[PDB]
Amino acid sequence: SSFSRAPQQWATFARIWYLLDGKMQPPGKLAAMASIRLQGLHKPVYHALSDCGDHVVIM
Amino acid sequence: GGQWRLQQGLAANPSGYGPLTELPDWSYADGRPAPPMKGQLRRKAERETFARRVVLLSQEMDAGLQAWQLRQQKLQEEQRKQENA
Amino acid sequence: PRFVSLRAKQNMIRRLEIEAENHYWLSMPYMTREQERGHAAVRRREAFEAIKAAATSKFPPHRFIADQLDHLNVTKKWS
Amino acid sequence: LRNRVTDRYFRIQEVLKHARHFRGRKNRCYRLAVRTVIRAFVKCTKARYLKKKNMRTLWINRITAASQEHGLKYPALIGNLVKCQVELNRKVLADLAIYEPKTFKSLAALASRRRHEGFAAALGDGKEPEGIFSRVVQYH
Amino acid sequence: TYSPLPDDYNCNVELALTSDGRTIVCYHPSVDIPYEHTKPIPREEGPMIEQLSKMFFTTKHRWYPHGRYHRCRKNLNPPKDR
Amino acid sequence: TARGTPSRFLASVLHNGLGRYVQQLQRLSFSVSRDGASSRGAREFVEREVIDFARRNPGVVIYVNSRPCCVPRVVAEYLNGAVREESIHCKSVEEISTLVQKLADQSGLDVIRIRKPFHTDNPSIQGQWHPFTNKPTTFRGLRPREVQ
Amino acid sequence: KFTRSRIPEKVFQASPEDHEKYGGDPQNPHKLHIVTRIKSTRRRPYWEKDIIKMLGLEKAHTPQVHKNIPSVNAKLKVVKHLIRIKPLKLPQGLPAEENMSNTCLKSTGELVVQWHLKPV
Amino acid sequence: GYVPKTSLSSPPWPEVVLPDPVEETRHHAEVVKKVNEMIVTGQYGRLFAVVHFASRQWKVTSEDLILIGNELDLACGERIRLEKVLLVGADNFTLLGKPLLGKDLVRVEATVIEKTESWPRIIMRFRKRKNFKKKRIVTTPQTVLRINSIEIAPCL
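Read top to bottom, the protein sequences are chains A, B, C, D, E, F, G and H.
Take the position in the first sequence, starting the count at 1, then add 1; the result is the number in full-length UniProt numbering.
Take the position in the second sequence, starting the count at 1, then add 23; the result is the number in full-length UniProt numbering.
Take the position in the third sequence, starting the count at 1, then add 23; the result is the number in full-length UniProt numbering.
Take the position in the fourth sequence, starting the count at 1, then add 9; the result is the number in full-length UniProt numbering.
Numbering (full-length UniProt numbering) for the fifth sequence: 35 to 77, 104 to 142.
Take the position in the sixth sequence, starting the count at 1, then add 1; the result is the number in full-length UniProt numbering.
Take the position in the seventh sequence, starting the count at 1, then add 34; the result is the number in full-length UniProt numbering.
Take the position in the eighth sequence, starting the count at 1, then add 48; the result is the number in full-length UniProt numbering.
If you're looking for bench data, these hints aren't it; they were derived computationally from the structure.
Careful, some of the hints might be misleading.
Said to hold, decoys possible - Among chain C residues calculated to face chain G with C-beta under 8 Å, some are:
no., residue
1, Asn-45
2, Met-54
3, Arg-56
4, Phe-82
Using N, Cα and C, we set each Cβ at its ideal position, and we do this for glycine too.
Input sequences plus hints: build the corresponding full structure.
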């Protein structure tokens, strides 16, 4: 709180790089977590048109 | 989650009876209570005609059995008063 | 081909349970059939005499002088 | 023609003020614009139900996301807040999830606390003292 | 030693009922980031559309333009709020 | 429809309830024909109800023009310079009174669509969610696969 | 052919296991039913549609009070799959004319004749 | 009765041991005393109430607006005490009732600003090949409320 308008807006919709180690993991159960973080469905700010997806790095 | 609310005697829908829907929503800032909500007046009319029906049906049940007992007692008096002379 | 899930079995079962309790509470009447007879004949007769009475009291409404003359106000003007 | 119709520009223009933003000849020609304008009004009224529906699934997506931030799942949160007689709705919980995430964190703590009292109460079965947050406020 | 959520990262949540048992008092002041948990401050159309795509991690299609019918349907004075 | 109509956000005129409440309706302009069957209910409104109405809110200045009109009008002007011209054509006095009280009670803002049913200007009190709320920090600010 | 279905009388005879299951007493039974339509009369025969109209159950999920007499029980046995029956239990008395307006039928099945909105 | 530690020996969730009600009711007494000191000494900043005004829950601070889809039959300018406030939050504490808060605890005031009608709102029905085309135009009445103050009281 007490940010200005522009850095609050930048802070909320800024997108976050996640790392995700896929050793000995099943591909669909990685794919579910990756898919949620790619759509932005792990954010409470989520909306489809608002474009709040993130980056998932799967190693 | 309303089956829980049925376990507790509450309305199954929290918008049913109870404190969220039957207190007044607003008052004056002086403290004068508001005129009543339209749905609360309608709803109390529904509850009162329901209560009138409960009382009405109860009284027809009770007067029904009392009149039957008069018919049975007077049948037995017509039995015993015709076994004579 | 259509198959039966667990939703459908649990739903069907809770309808069967509501049904079984309907069977229970219909199994103990407060009166016998000899006791109930004529126990509400008066109220049923007065109820139909009200239906009968509202049926046989149908007629045109009253026509008034004041309505017909009150149409003359369509040319009320100022002075 | 004894009385043919003078006032026909205005019937056309009653339809075509609704079509001024369409594509193709639907914004211009009355025969095409009537079918599309009618069809737009039918969609416009059937979309009231879909506005309500899509807001509610949007709120469940936002409550789902914000409660997965605190480890809970959505059925756990909503169930065990009903069980606390916190009769907030989905709109308010989604808006607290966005704008007041400490109140949402404390509601997630109240719902997981109630969830664990439901576990420990329905584990050690029999007559026992009830949980502290498990108590209900009787209204008479 | 029980904590219903790991009161570590957002706010220190401390639930309470009152004596009547009717209101739930939550007490939750903010968790400051420790000083130990911080780093010091360090001191043509084709290839342009591929370069913007790869810069901003989006596809190519939002960098191609659009026609006048789409540029003039746009609301240039949209309503503001807050 | 909503996509053909313009829309707006819910607002006030000059924060109209915060300090005091100001009646947003400045002028009414009735124009009533003397001889004319369409302004009959306007005539009986000027004779019966417009003086009582003009006393129930004295910040409203009311002009009854009373020219030969063929349709009578009421022209509400608002403090923010909006003009709502409505007709009182072939209306009863009671329908005109509910219309004039309708124009009195409202403000000059458009009756286009309102987007949200609310307008906070400070929606967030505990601080709005950014993706580093609800995350724990690490020792010395490290990220994944950071050695030192 | 699909016809009207009689149901035999052994179906409507309680067992003491059922008196242990539900909360009933075979001696001194209840006077008033609460009947509630919970399954549509559409895709049902026209006779069941009629019995739902007679019982006053055209709205779903709205309770209706009936007598526990064998005629009303006969109509209820026709449409027992569409309805729900509970005994009207009355913890305090039936309402007198003082308590006539301030009642509330609760979801348990009881009809309370003093309905405050204050917690206990 | 012993099972050796296999995969499926224990349930997969870790067990929580919920605290005993003696020290827990004492702990709640400490917390309510703290929060009641914050309400007494005025430590809080601005509040937000969740108010079950009308038929829905409005999350509300002071100095804002609510558009309600019915005429309340009040004059424009009239102050209103909104009962049925059911959450009240500040920066460092909240208060939530079961389901409602005490009227002696929270007081939420609001004036009526304007009593408008809605934008005209079309209701069209159309079934194809049946010559079924109805059209209605509906404006519902609406009032706008300006929430003036959420005043809080030390009654815990």
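Quick rundown of the hints versus the structure:
1. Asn-45: Since chain G brings a Cβ to about 5 Å from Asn-45/C, closer than 8 Å, the hint holds.
2. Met-54: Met-54/C check passes; min Cβ-Cβ to chain G is 5 Å, inside 8 Å.
3. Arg-56: holds (5 Å)
4. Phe-82: Cβ of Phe-82/C sits 30 Å from chain G, so the hint is violated.
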